[PDB]
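Undergrad: The chain contents come next:
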Amino acid sequence: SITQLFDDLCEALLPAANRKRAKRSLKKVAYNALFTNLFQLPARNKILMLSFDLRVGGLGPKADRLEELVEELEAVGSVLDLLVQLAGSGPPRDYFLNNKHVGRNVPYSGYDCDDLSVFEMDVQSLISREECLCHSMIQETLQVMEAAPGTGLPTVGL
Amino acid sequence: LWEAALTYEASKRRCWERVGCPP
Amino acid sequence: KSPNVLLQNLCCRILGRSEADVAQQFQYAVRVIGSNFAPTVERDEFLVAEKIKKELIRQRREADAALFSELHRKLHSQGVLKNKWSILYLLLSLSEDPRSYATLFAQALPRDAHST
Amino acid sequence: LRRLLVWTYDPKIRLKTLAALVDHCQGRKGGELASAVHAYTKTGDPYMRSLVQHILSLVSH
Amino acid sequence: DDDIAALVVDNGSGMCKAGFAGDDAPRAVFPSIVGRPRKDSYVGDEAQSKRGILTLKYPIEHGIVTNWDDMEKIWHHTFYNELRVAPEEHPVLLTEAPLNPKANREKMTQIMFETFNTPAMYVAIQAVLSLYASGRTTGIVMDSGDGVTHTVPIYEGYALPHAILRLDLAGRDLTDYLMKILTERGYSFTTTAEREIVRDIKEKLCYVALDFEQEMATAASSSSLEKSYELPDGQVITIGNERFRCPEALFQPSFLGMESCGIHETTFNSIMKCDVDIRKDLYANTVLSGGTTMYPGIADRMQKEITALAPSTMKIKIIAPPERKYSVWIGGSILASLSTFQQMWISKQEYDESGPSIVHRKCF
Amino acid sequence: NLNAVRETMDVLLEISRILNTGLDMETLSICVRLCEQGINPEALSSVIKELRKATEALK
Amino acid sequence: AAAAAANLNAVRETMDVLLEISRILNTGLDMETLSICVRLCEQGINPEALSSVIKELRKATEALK
Amino acid sequence: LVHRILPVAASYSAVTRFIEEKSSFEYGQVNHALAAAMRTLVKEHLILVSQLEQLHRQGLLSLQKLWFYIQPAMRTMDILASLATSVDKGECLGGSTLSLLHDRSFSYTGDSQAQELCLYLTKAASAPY
Amino acid sequence: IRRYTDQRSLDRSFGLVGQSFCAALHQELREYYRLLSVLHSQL
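Residue numbers (the deposited numbering), protein chains in the order written: chain c, 3 to 19, 29 to 51, 64 to 98, 107 to 123, 130 to 195; chain L, 282 to 304; chain a, 7 to 105, 113 to 129; chain F, 364 to 424; chain e, 2 to 39, 50 to 375; chain d, 17 to 75; chain b, 11 to 75; chain E, 259 to 387; chain D, 304 to 346.
It should be emphasised that the hints constitute simulated quantities derived from the structure, not laboratory data. No residue lacks a Cβ here, since even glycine has one placed at the ideal position from N, Cα and C. Just to be clear, a hint being listed does not mean it is correct.
Said to hold, decoys possible - When the alpha-carbon atoms are kept at most 30 Å apart in a straight line, the in silico BS3-like pairs for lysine-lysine are as follows:
| hint | chain 1 | residue 1 | chain 2 | residue 2 |
| --- | --- | --- | --- | --- |
| 1 | c | 85 | d | 75 |
| 2 | F | 392 | F | 405 |
| 3 | d | 75 | a | 7 |
Stated by the list, open to error - So the derived list for chain F, only partly shown, Cβ under 7 Å to chain c, looks like this:
| hint | residue |
| --- | --- |
| 4 | 393 |
| 5 | 395 |
| 6 | 410 |
| 7 | 413 |
| 8 | 417 |
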């Protein structure tokens with residue numbers, strides 16, 4: 003049902019509320044864009072090349088998870112080849134972390150000062166967040182509180 | 282790519298009035 | 007290029023294969039190279055030079071130990087190498103004797126005294 | 364950082380343990396001295412358990 | 002439509018499909034027949060309903076037109092009776108069969124520029140347009156309509172006519188062989204009403220399997236696929252083996268008395284006449300077209316045969332549209348919609364100043 | 017079989033989640049069936065992005 | 011022009027003298043794999059890790075031969 | 259207003275005393291581990307107040323702002339003070355201090371914020387026994 | 304609405320469904336203090 007899978011794909015990406032003619036033109040956008048590539064390398068290596076860039080900026084176990092799932096998916108290869116192209120297009130606790138005071142047989146480490154330094158950024162982001170919230174709720178209504186009369190109001194534009 | 286261009290054929294010419302970078 | 011694509015060229019250089027063949031070793035290479043990217047010791051070319059000279063003296067090759075001293079100056083004479091410590095630290099490690114204790118001798122500074 | 368309290372929290376539990384190992388091992392030598400280091404490793408606190416059991420491995424050798 | 006409403010017109014063998022560009026399908030579908038006295052003149056439904064004491068003339072029977080006056084009358088009745096429009100104020104993009112005659116294209120361009128006197132028009136291949144709907148420029152579209160069949164390879168859009176595989180087998184021979192097999196088994200499938208009934212039964216109840224041997228052994232051991240049909244007239248005949256043997260004639264042609272290559276073998280010979288750098292690409296983005304692709308499962312059988320035919324290096328990735336009934340119309344709707352494609356159609360001024368044969372240069 | 021085609025679809029959601037792809041569950045099911053037909057994914061990567069651009073043009 | 015060709019000479023010179031230091035230290039590298047290693051060491055990478063990488067790949071090439 | 263804020267100050271002093279008292283040898287194997295699991299919860303209580311003090315250096319903090327910020331710490335230190343007094347008042351050593359934590363895990367089952375703190379303390383205290 | 308929940312969190316007999324009711328009523332009050340925070344900040 004290949005001609006209908008594009009019709010339901012055109013419905014899923016259409017945001018809910029003319030919704031009866033916009034599908035008619037968005038299907039033209041789908042077809043007008045589907046032809047430009049067709050007018051004009065393994066699969067897992069492209070995953071590993073992103074797992075590297077995961078590991079460089081921290082977040083080790085997430086990369087160890089991204090490889091763990093693709094080792095189970097072998098026992107379909109053209110779908111992950113589609114997922115790696117849209118990798119940057121998406122939109123922008131556990132007490133059993135490092136915590137050397139809990140365990141069965143914890144090994145001798147001594148002071149680290151590199152888990153504690155990334156334990157004070159984990160809170161610095163929190164109060165840097167709740168202050169940009171009070172910087173983006175202060176502003177979206179004061180831009181309406183000071184202007185000419187009837188700018189931000191929808192009923193005055195009638 | 283640049284080390285691939287680096288495998289080029291070199292000019293072994295020299296003068297006395299050209300001492301620094303004179304191919 | 008990027009280091010992630012560049013590691014795969016190394017895996018195709020050492021192992022004679024294509025990138026569609028060798029993918030288990032490149033998977034291991036990403037594990038060891040990733041999470042160990044930042045330099046752990048303080049960088050200085052002087053200590054590494056005084057260890058390569060010591061190593062070439064130790065094999066009764068006293069002539070090459072002072073030819074290295076003339077080769078190391080040309081690296082500074084040309085000046086397109088930014089990190090001269092890393093490549094010498096690597097070339098010393100892959101050195102084989104054509105034909113013990115190291116906690117006594119001079120080692121690099123740990124970088125742990127500083128707040129990295 | 365309110366005057367380095369997180370920075371000096373991980374020393375103080377370790378130091379009050381090392382001071383305990385100091386003053387309990389005062390006067391003892393020989394096989395009695397390794398017995399006092401073993402007389403600290405029934406501590407369920409794993410930060411204190413992994414510390415003295417590392418000191419036991421150096422003493423018992 | 003910021004400009005005036007465009008048009009698309011495909012004069013097919015079994016029916017004519019007309020409509021405005023950018024619409025969901027061809028906005029009107031009428032028969033390719035005009036009715037004369039044997050009411051004096053009618054088209055389509057009135058002619059077929061009053062076909063008892065009148066004469067019918069086929070303007071397009073086997074992809075080749077029979078009469079130019081019937082072609083102009085079919086186009087005028089599609090523009091004036093089917094859609095109720097004025098052809099002089101509407102640009103229409105027409106279709107063509109595989110390697111049509113240049114004199115026929117010249118007569119059609121003269122008719123479109125004189126009898127209609129429209130602003131602009133265009134005429135190009137049909138399977139190339141259905142490919143220009145099917146997502147992929149490159150690939151082989153096997154289109155079998157009602158009077159002609161062709162496996163058209165397309166590499167970079169411009170089709171290779173040396174590799175265009177022509178096949179003279181269609182739904183007329185399909186319905187005729189089904190009626191002959193039913194009358195040989197003992198049914199009454201001979202007459203005209205029986206021919207309409209057998210064509211409707213072949214459209215609805217007929218089956219398409221993967222191979223002949225497995226489905227034949229299943230139908231010979233039991234009557235699972237035998238489905239009973241009791242219409243409003245009350246006629247009731249059920250045969251599963253005839254429904255299993257009706258679509259298998261594309262792979263076993265000697266069941267209907269054919270000496271030509273099969274469908275998968277025709278695609279194999281088309282790939283054999285194809286180039287090397289476009290071989291695997293044509294084997295990877297081939298599409299299904301033609302109204303005879305309304306059989307369920309036959310596309311899976313064709314993809315299995317195409318995977319078995321070629322080497323193991325390339326694969327079989329066939330686009331099997333469930334709107335292959337209106338695939339050429341969907342193609343024209345995709346083609347005429349683009350704003351840069353408005354320069355592709357040839358106008359009436361250049362046609363009037365340099366003859367209709369300038370459509371051979373402009374409509375490449 | 018439908019239990020197996022459910023689990024191989026469910027594991028495939030998380031690799032599209034941590035790779036920061038905007039595909040939700042419904043568009044993932046649509047796209048895995050469409051790739052299961054045999055279409056090349058290198059053009060689907062263009063059509064999903066183009067549909068999302070022309071979607072943004074309304075809002 | 012000219013400044014794009016003087017840099018080519020100045021990088022041929024260093025990729026020769028690094029090969030000379032490589033052969034008096036008897037490293038098993040050649041001219042092609044050394045150009046990968048110097049490129050990696052330019053962006054900033056632990057030589058203690060990359061050396062372990064090479065000392066594992068050269069140890070696994072013998073079990074397959 | 260500071261009278262409303264001072265309960266988290268009172269529910270901190272009765273927690274540090276419990277951990278300082280029940281870290282002694284006489285309290286068995288499990289009441290050691292119960293005073294062990296509360297100190298990772300003491301760490302977060304300090305980290306919030308240091309971050310608020312460094313924010314107070316910039317003058318972008320108010321008394322109402324502080325009373326808004328400390329709302330999770332007022333709950334978490336209260337559950338720790340409740341567990342501290344419940345182990346102290348009824349003398350609970352070994353298996354008896356393993357029963358009471360399993361009771362509080364059934365007391366808080368539908369909040370899922372005080373349950374997770376209490377369920378963390380149960381699994382941590384159940385390690386020696 | 305704060306008098307009620309100040310009494311209901313101090314009552315252990317209110318039960319499992321009403322310490323959770325007391326939790327939901329507190330979650331609605333925290334955001335009202337967020338509005339008082341932005342009300343003070345624009346002064």
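Undergrad: None of the hints should be skipped; say for each whether it holds.
TA: Hint check:
1. 85(c) with 75(d): violated (34 Å)
2. 392(F) with 405(F): Holds, at about 21 Å.
3. 75(d) with 7(a): Distance ~38 Å between residue 75(d) and residue 7(a) Cα, so the pair is violated.
4. 393: violated (25 Å)
5. 395: Constraint on residue 395(F) not satisfied, violated at 25 Å.
6. 410: Since chain c brings a Cβ to about 5 Å from residue 410(F), closer than 7 Å, the hint holds.
7. 413: Holds - the Cβ of residue 413(F) comes within 7 Å of chain c, reaching about 5 Å at its closest.
8. 417: holds (4 Å)
When held up to the earlier numbered hints, the structure conflicts with 1, 3, 4, 5 and fits the remainder.
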